[PDB]
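K.L.:
Please take these sequences and the hints and turn them into a complete structure.
Now for the letters of each chain:
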Amino acid sequence: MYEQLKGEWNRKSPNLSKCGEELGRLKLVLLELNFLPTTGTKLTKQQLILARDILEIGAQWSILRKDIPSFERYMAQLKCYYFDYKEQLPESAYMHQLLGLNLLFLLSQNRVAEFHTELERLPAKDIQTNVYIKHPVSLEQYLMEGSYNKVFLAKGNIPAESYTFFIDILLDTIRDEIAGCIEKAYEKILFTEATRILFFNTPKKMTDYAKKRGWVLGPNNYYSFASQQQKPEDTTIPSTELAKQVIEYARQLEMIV
Amino acid sequence: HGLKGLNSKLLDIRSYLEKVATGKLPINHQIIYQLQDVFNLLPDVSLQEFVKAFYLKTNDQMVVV
Amino acid sequence: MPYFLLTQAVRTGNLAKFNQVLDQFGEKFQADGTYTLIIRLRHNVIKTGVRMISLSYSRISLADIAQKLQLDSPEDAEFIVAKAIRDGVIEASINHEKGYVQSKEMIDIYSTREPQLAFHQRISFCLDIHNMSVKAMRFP
Numbered sequence: 001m002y003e004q005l006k007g008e009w010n011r012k013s014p015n016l017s018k019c020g021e022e023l024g025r026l027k028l029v030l031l032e033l034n035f036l037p038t039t040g041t042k043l044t045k046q047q048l049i050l051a052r053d054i055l056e057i058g059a060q061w062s063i064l065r066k067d068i069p070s071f072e073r074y075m076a077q078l079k080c081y082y083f084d085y086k087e088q089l090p091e092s093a094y095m096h097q098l099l100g101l102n103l104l105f106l107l108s109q110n111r112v113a114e115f116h117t118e119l120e121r122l123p124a125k126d127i128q129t130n131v132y133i134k135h136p137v138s139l140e141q142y143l144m145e146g147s148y149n150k151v152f153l154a155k156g157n158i159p160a161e162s163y164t165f166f167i168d169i170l171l172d173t174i175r176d177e178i179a180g181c182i183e184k185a186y187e188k189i190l191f192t193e194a195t196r197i198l199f200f201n202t203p204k205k206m207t208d209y210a211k212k213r214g215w216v217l218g219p220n221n222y223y224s225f226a227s228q229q230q231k232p233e234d235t236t237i238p239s240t241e242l243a244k245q246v247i248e249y250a251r252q253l254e255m256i257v
Numbered sequence: 196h197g198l199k200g201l202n203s204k205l206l207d208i209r210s211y212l213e214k215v216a217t218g219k220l221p222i223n224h225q226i227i228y229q230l231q232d233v234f235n236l237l238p239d240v241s242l243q244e245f246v247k248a249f250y251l252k253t254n255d256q257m258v259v260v
Numbered sequence: 358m359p360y361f362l363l364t365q366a367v368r369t370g371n372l373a374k375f376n377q378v379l380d381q382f383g384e385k386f387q388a389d390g391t392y393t394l395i396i397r398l399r400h401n402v403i404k405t406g407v408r409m410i411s412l413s414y415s416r417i418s419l420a421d422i423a424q425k426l427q428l429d430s431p432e433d434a435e436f437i438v439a440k441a442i443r444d445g446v447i448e449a450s451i452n453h454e455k456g457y458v459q460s461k462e463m464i465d466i467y468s469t470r471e472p473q474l475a476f477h478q479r480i481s482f483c484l485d486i487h488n489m490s491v492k493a494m495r496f497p
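Protein chains in written order, with the authors' numbering: chain d, 1 to 257; chain Z, 196 to 260; chain V, 358 to 497.
Rather than coming from a laboratory, the hints here were simulated on the basis of the structure. Mixed in with the good hints, there may be bad ones.
[Said to hold, decoys possible] Calculated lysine-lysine pairs in the DSSO-like style (CA-CA distance at most 27 Å, straight line):
#  : chain 1 : residue 1 : chain 2 : residue 2
1  : V       : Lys461    : d       : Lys231
2  : d       : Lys125    : d       : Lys150
3  : d       : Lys184    : V       : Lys455
4  : d       : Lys150    : V       : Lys404
5  : V       : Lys425    : d       : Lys125
6  : d       : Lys244    : Z       : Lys252
7  : V       : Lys374    : d       : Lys125
8  : Z       : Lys247    : d       : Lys231
9  : d       : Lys134    : V       : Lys455
10 : d       : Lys231    : Z       : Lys199
11 : d       : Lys184    : V       : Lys385
12 : d       : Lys150    : V       : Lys461
13 : Z       : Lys199    : d       : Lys244
14 : d       : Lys188    : V       : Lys374
15 : V       : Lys461    : Z       : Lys247
P.N.:
This is how it looks when you write it as structure tokens:
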């Protein structure tokens, strides 16, 4: 009870032992009573201050330890605790960047339909203030029109911690779209098109795509193979299904007598 | 039953060039090349068959629809 | 008065007027339950004209389309047209060799089985009215 509030978080967190103790702290809290009814009772809202705070510190530990399924696991239950039905609940000041962690994460795995339907819950924090939520929606605005490069240039400006586990997957799922645009049957380009389209004057990334894909620098020339289909068509070969399609016409005219 | 006799005539001409080509009875020569031009007379599918068929299947279809 | 003057600015390439509409009529937009337009309609501010050009022209130079879409750079004109075709705004294509954005094939929408598809939809609905009518008509 009242177990290790700021033991190995405020200074440094390289440990997994207190992560097992936070697991034991999860065993203590979710065996206190419950969180399901929440009828009144500010006294049982007292541990609701505690339970949200210890999952905030579990969320900070989850992104620090580079863990994908568990980060959304704790964040959902955090969102379930802002799904409180009887919400007196004085404002825990970590909420807005906590949503911005999820809002940037769920942009990164291309849940764009889930991106915009999450944005409904904020009345005026999107526009008036709150750079933590303003950063992904300005980012998602930059993905809209034509603006790839402003994403890669405004990477180096974060109000919070560096968001590194989000943005590198986020840029990597932009690189394959540029790749999937340039992996077409348009045959050959040069290394300067790699700098313009792909990115990066002479990187290790040109060695990356040399070993992952082809695109090998020959006599100052990249070779992308033809991704062109063959199109074997007769299109009278819908002859059985077309002869079938005529039959249920005359069937449905008749047969009800 | 117009088509049930199509293979019925064909199952007879099936069995003839089974039992004459297998090696039982002496071959006629007249019936062989008189069968040969049949196989070099069936139509095939082409682009001229293609665009024409949907030109007039649609035209038959419009009256129904 | 808001929405007609809204699409008045959308069809034009103007934005300082468009933000003037937002400051003028944001209260009604917030009252109508449509906060979300400002994040999603600024997308189609550039996508309206590039659909308009690809409907008008047939084989455009991407150098020329930058001034016509006032894009102020010929090099990202590959990227917007790449976003248009990957998302399927126009069925055109780019020659990444000398600036071509060439359009589709010749119109062949009568001798390529497509009139049969619409004709099957109208069979399957019209005689479906017939069978539903005959059952519904005779109760006694």
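K.L.:
All hints are to be evaluated individually against the structure, with a verdict given for each.
P.N.:
Hint check:
no., hint, verdict
1, V:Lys461 / d:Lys231, "holds, 17 Å"
2, d:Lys125 / d:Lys150, "holds, 23 Å"
3, d:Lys184 / V:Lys455, "holds, 17 Å"
4, d:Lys150 / V:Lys404, "holds, 19 Å"
5, V:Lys425 / d:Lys125, "violated, 37 Å"
6, d:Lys244 / Z:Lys252, "holds, 14 Å"
7, V:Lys374 / d:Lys125, "holds, 25 Å"
8, Z:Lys247 / d:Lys231, "holds, 21 Å"
9, d:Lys134 / V:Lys455, "violated, 40 Å"
10, d:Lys231 / Z:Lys199, "violated, 36 Å"
11, d:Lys184 / V:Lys385, "violated, 46 Å"
12, d:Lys150 / V:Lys461, "violated, 32 Å"
13, Z:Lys199 / d:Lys244, "holds, 19 Å"
14, d:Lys188 / V:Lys374, "violated, 44 Å"
15, V:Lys461 / Z:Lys247, "holds, 23 Å"
Checked against the numbered hints above, the structure violates hints 5, 9, 10, 11, 12 and 14; every other hint is satisfied.
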